[PDB]
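Note that this complex is displayed minus one protein chain, with the remaining chains in position.
First chain written, first letter: the chains are A and B, and each begins at residue 1.
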Amino acid sequence: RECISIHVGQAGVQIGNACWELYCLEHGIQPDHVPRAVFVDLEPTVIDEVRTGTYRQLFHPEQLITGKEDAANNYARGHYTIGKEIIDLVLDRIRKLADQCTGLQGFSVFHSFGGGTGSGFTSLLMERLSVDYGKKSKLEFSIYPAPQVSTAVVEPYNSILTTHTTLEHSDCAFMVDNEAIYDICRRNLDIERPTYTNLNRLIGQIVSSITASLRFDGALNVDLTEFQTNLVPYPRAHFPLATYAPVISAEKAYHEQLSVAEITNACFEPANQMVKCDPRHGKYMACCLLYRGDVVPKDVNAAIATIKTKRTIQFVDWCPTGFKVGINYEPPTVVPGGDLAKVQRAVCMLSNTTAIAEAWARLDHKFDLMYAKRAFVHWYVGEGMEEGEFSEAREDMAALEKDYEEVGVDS
Amino acid sequence: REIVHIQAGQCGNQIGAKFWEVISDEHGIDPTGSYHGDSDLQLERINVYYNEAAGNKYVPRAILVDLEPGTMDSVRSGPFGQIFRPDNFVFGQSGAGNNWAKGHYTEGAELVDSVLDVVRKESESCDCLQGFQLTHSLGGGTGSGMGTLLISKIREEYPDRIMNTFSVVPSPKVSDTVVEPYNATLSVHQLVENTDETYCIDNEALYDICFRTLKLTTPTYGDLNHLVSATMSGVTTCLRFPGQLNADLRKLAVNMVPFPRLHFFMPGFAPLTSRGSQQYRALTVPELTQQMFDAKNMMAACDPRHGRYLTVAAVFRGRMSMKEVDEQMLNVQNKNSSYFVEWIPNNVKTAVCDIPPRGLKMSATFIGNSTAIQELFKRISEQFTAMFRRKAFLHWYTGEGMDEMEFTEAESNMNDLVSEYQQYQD
Partner (left out) sequence: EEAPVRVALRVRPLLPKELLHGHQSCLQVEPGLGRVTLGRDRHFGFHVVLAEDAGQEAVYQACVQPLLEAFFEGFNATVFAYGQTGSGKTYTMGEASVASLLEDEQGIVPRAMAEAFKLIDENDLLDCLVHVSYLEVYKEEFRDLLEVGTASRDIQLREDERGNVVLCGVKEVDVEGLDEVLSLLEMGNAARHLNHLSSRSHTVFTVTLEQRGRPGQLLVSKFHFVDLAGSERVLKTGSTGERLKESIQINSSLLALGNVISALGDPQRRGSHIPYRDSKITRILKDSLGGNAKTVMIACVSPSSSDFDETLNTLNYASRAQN
């Protein structure tokens, strides 16, 4: 019930390092009883980060499943043979935890599109979960690629082959891109040294307000299933946008006029939502707002009102029933080496829009260009794919962007 | 992850002797003694290049092969000539024929099996095999005939792991002995089908970097091979330390090839400053940035600006931020975007270490694949067909059983290799 998750992918592992760190600080967890997850990677190096120094004793280490073979960041390798040795062992560990927990609540899945690691292992992982536990809650979670700040050479192909089948095995999904978070740390946290681990403290902050506070003492605690019913008007598992607003640094908070309407209104300025496809024209179809700290309802039913009565931040016309709000009680917690500045009230927003298909187009046509010269065919067909797999991925996203298309302006 | 080492050829010993200077200093290893490195993190994945069979000592997993003994005999008399288990030596007192084919058909050919027994004793000696490092030269037969003879048998033996080719392509004018260029052709005719990564180096580039950018006027060859030791110390075990985003050989293999022709690679190293004169108060990742992509600080013969860029991967070594990495890579995607070919948007491949080298605060590792190497092998082609026409050095190769028909096939295969380089220079 104090939910139990998975972490594959190097960024998934370290994002669980700082995320799980903020977990094991904010509930008063001492650095020495019960850890509640598993860590999987296709190289024991990244796990041996955690398996060496701090937060090593605080696990029962008989579960940090590692694969001593290649890291292998290419999709068809990571979906097929090289993870086939480990997938069953991961299944038995998570079913052992499924039996040990009582009334399991759901699955939140931390991985990445940014490599073969958390792409195909994630793909048939989620597929195998929907075979196993298909009548449950599935919340997949990858870092969406940068449109021009990209890293991998195969930067499309992992994501494109992943969304070929990762759509059909989760419903709720949170994709956050790096570049705007660099805008937040550069601008509004106001430092010029943006670290990967600080990004990890930011996503660890937002997930630290998704559920652990929402399974803490909240007067309006929200079910995880209320996401997968509220956020999608259609059963086609779509994906919203989540943003933690009060990103002021320590120098900022000599700022005695700081209330709920400030960061509430700051959830809706376009260049702050941690994805580079800002609501220039994305009509909002769904908005779940989750608050915490000493939240005053006056900023709620004045600020959210003047959001909706702005008529510049236009919602979806034909389907405008797009609010779902829950407020926790507990404030967030300062990471002792962190950057957030002990804020007495906090908002984590999320909102499914029109806009993301344009971002998908940012990934799509890009994907087509390196396909246009038949470029990296020999690795993936050298691992067990074919032309028709790429074609079904392309047609799959082609229907997907029209599904994103018709719900919006078409009223 | 485990990798064995190969030094073929009269050149090669030094080719990598300097590397065994470096990496033992990188982990805190005496000529005889043990892990005297003060930091525990120099230990955690040393198994990629090492073993422990005497237990308390350390041994480089390395196979040292030459067709003339006195070179490696000088090596075993060297300052790190005692850190080897000398039973790993395989050689002979045969005449190291300066023919390619004499090292490929006759002399080392009756010494191939003696090598293969040591590669099989050393391969399954320990945990799962990862890659192979082929350090040699093309300058003669000794690194080239027995080289591609070795790895051509190896890929038939092992069709699975990674073949890293440290070749030494001759500099396009500063020759060695003008019988030279055939020792490229027949070697590289059987390189592209029996490797997947080829890091080729060039001599006058070494004199260009050592002589000009460093203001040392006297290029000792140990300094040249010291620079190549900075390359391979840059590449692999750097990724096999902790890294924020730390790739491997296989990721670099899938990254930097378009096709399985693998389009042999051109390395570079960023901090290239003279000895004490370069107090600068501006040394960081960023510098590595502009320093990496200029026409100098390149180990290639041709000017890299003269073609496009297909794929370039970088391995940055230092406590640093990827925002001020990836922003810089965006700058290279902008300001030079004409020769930075468009249809692959990410010609860059980011690679992030966590450790510096022994004294420097921050270093960087260039690995490149342009289209410009087109006008290297064409260069090698143009000399090749030049004094092929007289047929004047034909007897030394016919006398070792190499036949006539092999040459024109080598010309056509390297030829349309150059032709497809032209077809993607665009």
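Here, a residue touches a chain if its C-beta (ideal position, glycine included) is under 8 Å from a C-beta of that chain, and two chains touch if they have at least 3 such contacts.
Contact with the chain not shown here comes from a single listed residue; of B:32, B:125, B:337 or B:419, that residue is B:419. Listed residues B:30, B:324 or B:406: the one in touch with the omitted chain is B:406. Counting over the whole complex, chain A has residues 80-81, 372-374, 377-378, 381-384, 386-389 touching the chain that is not drawn. Residue positions on chain B in contact with the hidden chain: 152-153, 156, 159, 259-261, 405-406, 408-409, 412-413, 416-417, 419-420, 422-424, 426, in rising order.
What we mean here is this: only the chains that are shown with their structure count from here on.
Taking the mean of the C-alpha atoms as each chain's centre, chain A and chain B sit 41 Å apart. Across the complex, chain A meets chain B through its residues 10, 14, 43, 45-46, 48-49, 52, 68-74, 146, 148-155, 182, 185-186, 192-196, 366, 369-370, 372-373, 375-376, 378-379. Listed in rising order, the residues of chain B touching chain A in the complex are 1, 44-45, 127-128, 130, 240, 242-248, 250-251, 254-256, 258-260, 311, 313, 321-324, 326-327, 330, 333, 342-350.
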